Amino acid sequence: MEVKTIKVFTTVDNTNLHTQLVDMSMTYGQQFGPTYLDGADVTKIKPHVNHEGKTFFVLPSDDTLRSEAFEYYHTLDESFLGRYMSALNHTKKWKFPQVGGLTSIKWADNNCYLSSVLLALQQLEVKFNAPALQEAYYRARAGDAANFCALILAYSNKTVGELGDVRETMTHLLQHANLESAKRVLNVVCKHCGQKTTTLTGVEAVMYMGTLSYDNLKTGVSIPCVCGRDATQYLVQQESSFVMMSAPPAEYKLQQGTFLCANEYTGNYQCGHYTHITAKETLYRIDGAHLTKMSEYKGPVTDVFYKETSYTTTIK
Amino acid sequence: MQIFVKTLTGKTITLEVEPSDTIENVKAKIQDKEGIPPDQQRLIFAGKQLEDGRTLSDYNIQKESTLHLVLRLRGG
Ligand SMILES: [Zn+2]
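Read top to bottom, the protein sequences are chains B and A. Going by the entry's author numbering, the first sequence opens with residue 1, and the numbers climb by one from there. Going by the entry's author numbering, the second sequence opens with residue 1, and the numbers climb by one from there.
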């Protein structure tokens with residue numbers, strides 16, 4: 001009359017599915033512990049009829065599946081799956097509208113920051129090393145960003161609903177991007193202590209915190225010298241596809257044809273809200289699902305992105 | 001050794017640390033000295049982000065260096 005077969009697959013990494021068959025009445029976690037279905041912690045529930053021809057998620061077991069896990073996520077954190085899944089349950093419910101040629105995110109659970117992140121990535125010539133993030137990303141550029149967004153939260157150790165910093169979040173992400181040929185060379189000139197040269201590669205090649213202006217970093221920013229005077233730091237060589245200038249939110253003028261895109265942070269020492277500014281045939285302000293165009297802008301900017309190929313200096 | 005931490009307002013504090021000290025621990029000396037919760041603190045060196053899980057020695061911080069204290073942003 002019946003059978004104890006529901007026929008579903010178990011995996012860790014979307015790609016390669018395994019197969020373990022259990023009874024119709026045997027629950028999932030009483031035998032294989034932490035198990036999920038699209039985020040739904042199905043650890044304590046009975047198998048059904050719709051559960052067929054599908055796929056499932058579990059923690060690795062035989063120390064081979066931990067290798068199969070790493071070769072998709074680039075992490076050895078076992079808590080990653082749970083924090084990713086507990087967050088996918090919420091992200092799957094969000095809406096991803098095409099504002100101004102790009103995939104955005106509708107206001108929800110304080111995701112405005114995640115919105116700037118996603119909006120800027122689609123403007124930068126960048127790729128991910130981790131396969132999870134590159135596949136999730138491809139779908140995200142098409143309107144399917146529920147997994148991308150959940151990933152980001154997981155790589156950043158942030159929960160849904162939690163407030164966030166776009167710069168810090170970009171940093172967690174670039175850790176998993178290809179920036180090995182990214183190269184920045186800085187000189188610091190002290191009147192007394194002499195001239196030092198330093199080289200930076202990887203993420204640190206493309207991040208900076210202290211000025212929004214890429215042009216200031218080329219003509220000299222003022223830093224303290226170890227001897228008590230002020231010295232002058234300046235870019236001597238940059239090799240990357242983009243740079244990201246960042247500074248504590250402060251009023252800044254944004255006029256088209258001088259930058260790529262950017263993000264503003266309106267708020268205070270506690271709370272705050274991000275909206276994204278991008279440059280097209282004119283300026284687009286993108287707050288979540290809302291667009292506004294303007295000739296010029298001025299407001300609390302905190303990060304600016306600039307296109308780069310290769311730059312060398314005209315100083316010393 | 002002693003090092004300096006410059007705030008957003010431009011106020012400079014002297015700190016007593018060792019090149020073995022972690023960024024985490026450096027934040028504890030700051031908290032003890034200016035009452036600022038470590039989860040708000042982010043430490044910058046001449047524009048370079050000092051990663052939270054690391055040490056002064058990782059970033060070649062010398063005696064009498066000046067570090068910049070910025071705030072972790074909290075955007076919704
Ligand atoms: Zn000096």
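What the hints contain is simulated information worked out from the structure, not anything from laboratory work. Ideal Cβ placement from N, Cα and C applies to all residues, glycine included. A couple of the hints might just be wrong.
Unchecked claim - Partner residues aside, some chain A positions facing chain B, computed with beta carbon under 10 Å:
#1 11
#2 14
#3 15
#4 22
#5 38
#6 44
#7 54
#8 55
#9 57
#10 63
#11 64
#12 68
#13 70
#14 72
#15 73
#16 75
As the list claims (entries may be wrong) - Sample of chain B residues at the chain A side, in silico, Cβ under 10 Å:
#17 163
#18 194
#19 198
#20 257
As the list claims (entries may be wrong) - Calculated from the model, a selection of chain B residues having no Cβ within reach of chain A, i.e. all distances over 12 Å:
#21 4
#22 78
#23 93
#24 167
#25 171
#26 251
#27 295
#28 306
Structure-based check of all given hints:
Here the hint on residue 11/A is broken, as its CB sits about 14 Å from the closest CB of chain B, past 10 Å. At about 13 Å, the closest approach between the beta carbon of residue 14/A and any beta carbon in chain B exceeds 10 Å, and the interface hint on this residue is violated. The closest approach between the C-beta of residue 15/A and any C-beta of chain B is roughly 14 Å, which is over the 10 Å cut-off, so the hint fails. With a least beta-carbon distance of about 18 Å to chain B, the hint placing residue 22/A at the interface is violated under the 10 Å criterion.
Of the supplied interface hints, the one on residue 38/A is violated, with its beta-carbon coming no nearer than about 15 Å to a beta-carbon of chain B, more than 10 Å. At a threshold of 10 Å, the smallest CB-CB gap from residue 44/A to chain B is about 5 Å, leaving the interface hint in force. For residue 54/A, the shortest C-beta to C-beta distance to chain B is roughly 12 Å, which exceeds 10 Å, and the interface hint is violated. Among the interface hints, the one on residue 55/A is violated; its C-beta lies about 16 Å from the nearest C-beta in chain B, farther than the 10 Å criterion.
Proximity of residue 57/A to chain B is violated relative to the hint, the smallest CB-CB distance being about 16 Å (cut-off 10 Å). For residue 63/A, the shortest C-beta to C-beta distance to chain B is roughly 8 Å, which falls under 10 Å, so the interface hint holds. Here the hint on residue 64/A is kept, as its CB sits about 5 Å from the closest CB of chain B, short of 10 Å. Against a cut-off of 10 Å between C-beta atoms, the interface hint on residue 68/A holds, since the closest Cβ of chain B lies about 7 Å away.
Among the interface hints, the one on residue 70/A holds; its C-beta lies about 6 Å from the nearest C-beta in chain B, closer than the 10 Å criterion. Look at residue 72/A: its Cβ gets to within about 6 Å of chain B, closer than 10 Å, so that hint holds up. Satisfaction of the interface hint for residue 73/A is found here, the shortest Cβ-Cβ separation to chain B being roughly 4 Å, below the 10 Å cut-off. Proximity of residue 75/A to chain B holds as hinted, the smallest CB-CB distance being about 4 Å (cut-off 10 Å).
Because the beta carbon of residue 163/B sits about 4 Å from the nearest beta carbon in chain A, less than 10 Å, this interface hint is met. Because the closest C-beta pair between residue 194/B and chain A is about 14 Å apart, greater than 10 Å, the hint is violated. The closest approach between the C-beta of residue 198/B and any C-beta of chain A is roughly 9 Å, which is under the 10 Å cut-off, so the hint is satisfied. With a cut of 10 Å, the hint placing residue 257/B at the interface with chain A is violated, because the nearest CB-to-CB distance is about 25 Å.
Listed as outside the interface, residue 4/B is consistent with that label: its C-beta sits roughly 48 Å from the nearest C-beta of chain A, beyond the 12 Å cut-off. The Cβ of residue 78/B lies farther than 12 Å from every Cβ of chain A, with a closest approach of about 18 Å, so its non-interface assignment holds. Its beta-carbon lying about 17 Å from the closest one in chain A, residue 93/B satisfies the requirement of being farther than 12 Å from that chain. Distance check on residue 167/B: its Cβ comes as close as 7 Å (rounded) to a Cβ of chain A, failing to clear the 12 Å threshold; non-interface status is violated.
A cut-off of 12 Å between C-beta atoms contradicts the statement that residue 171/B is not in contact with chain A; the least separation is 7 Å. For residue 251/B, the shortest C-beta to C-beta distance to chain A comes to about 15 Å, beyond the 12 Å cut-off, and the non-interface label holds. Residue-level check passed: residue 295/B sits 26 Å from the nearest beta carbon of chain A, beyond 12 Å. In this structure residue 306/B is separated from chain A by more than 12 Å, as the shortest Cβ-Cβ distance comes to about 15 Å.
Of the numbered hints given earlier, the model fails hints 1, 2, 3, 4, 5, 7, 8, 9, 18, 20, 24 and 25; all others are met.
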